[PDB]
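In structure tokens, one chain follows: the form deposited in one PDB entry.
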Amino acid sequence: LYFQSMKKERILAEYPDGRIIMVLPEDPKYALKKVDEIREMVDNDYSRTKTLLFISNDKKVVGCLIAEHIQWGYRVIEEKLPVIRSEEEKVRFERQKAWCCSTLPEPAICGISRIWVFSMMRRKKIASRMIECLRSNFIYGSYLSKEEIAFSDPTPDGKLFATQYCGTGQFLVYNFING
């Protein structure tokens, strides 16, 4: 139940249901303390980072995405494994999902260190729109590809989000099992 008030603000996007503002390290102390508390609050589930925030019309902070510079990520790949049975049993074509993290470091630009959305405003495209803004705004004048972003230490929510967001059952990660 945390709120946030302008003192300027810097809007990257406006919508029927709210706004996405960005906050940078150079911003007033008032902004830096709020990202902090929001950080702390999100942790229940610094240097050249950028923080995105989705603010409901209410002024309530309902989205947060913290992003950092990186050089490398590791691909996670959706596989669906065949279940083979004994020759005396009947055959079924149900596959079992598995998620495979490649050990090969592939090139990357933008590491999503944190990405959170308030439990009861989920599946409303908030996280998608935040990344969409991260992409247009991580580098001034560039539109990052889906592959230049990696997600730090995916939770299962993150996995299911990332996969659908990027298409093709793949996404890059870091702070994970291969590095």
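Positions refer to the first chain, counted from 1. Superpose the two forms; the largest set of C-alphas matching within 1.5 Å is the rigid core. First, how it differs from the form deposited in another entry.
Only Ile70, out of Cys133, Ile70, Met121, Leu144, shows a C-alpha shift of 2 Å or more between these two forms on alignment of the rigid core.
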Contents of the next structure:
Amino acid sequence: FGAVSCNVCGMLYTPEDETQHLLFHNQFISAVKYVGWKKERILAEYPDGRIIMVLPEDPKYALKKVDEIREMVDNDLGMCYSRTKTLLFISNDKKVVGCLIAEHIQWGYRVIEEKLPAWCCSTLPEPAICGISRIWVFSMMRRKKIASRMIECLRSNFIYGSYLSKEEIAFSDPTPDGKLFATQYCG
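Show the form deposited in another entry, please, because up to now only the form deposited in one PDB entry has appeared in this conversation.
Chain only, nothing else included.
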């Protein structure tokens, strides 16, 4: 062996990999700490937690909380923020186990892109599509159908009174995990 997987941070490190575990560790535990603000925007309750949503109009403490989770997600993986919404899964331990950021696109044209291993589809844009920019769940909580619950809550609530359909959702170019999570839906 010689390499480790941290039991509270999830990273696998070791040189210079441990001097990078410290910085991500500190960024992690400080990011996932959810105190529990008043009048949170719960979309669904669960035995293993619940799903809140934050909007760009919310208090500063909620927004700054989201940018620090976001900034944590990006380093764990390596645009216009006024139109986003962010969903967070919190554990019963008052910790954030899942994050999903989706942009409301007003000017998106359906296109088909040829890709052997660009055609227009309409003269007008689609009325509303939900672009998923970030989908993240903490490694020691993965494979527990909790991103699936963030999509299910995404689609029930990203636009009040309507239930997003496969046509009405896009996403940014995925990772292997994002791909492995997507073929869930394709079919």
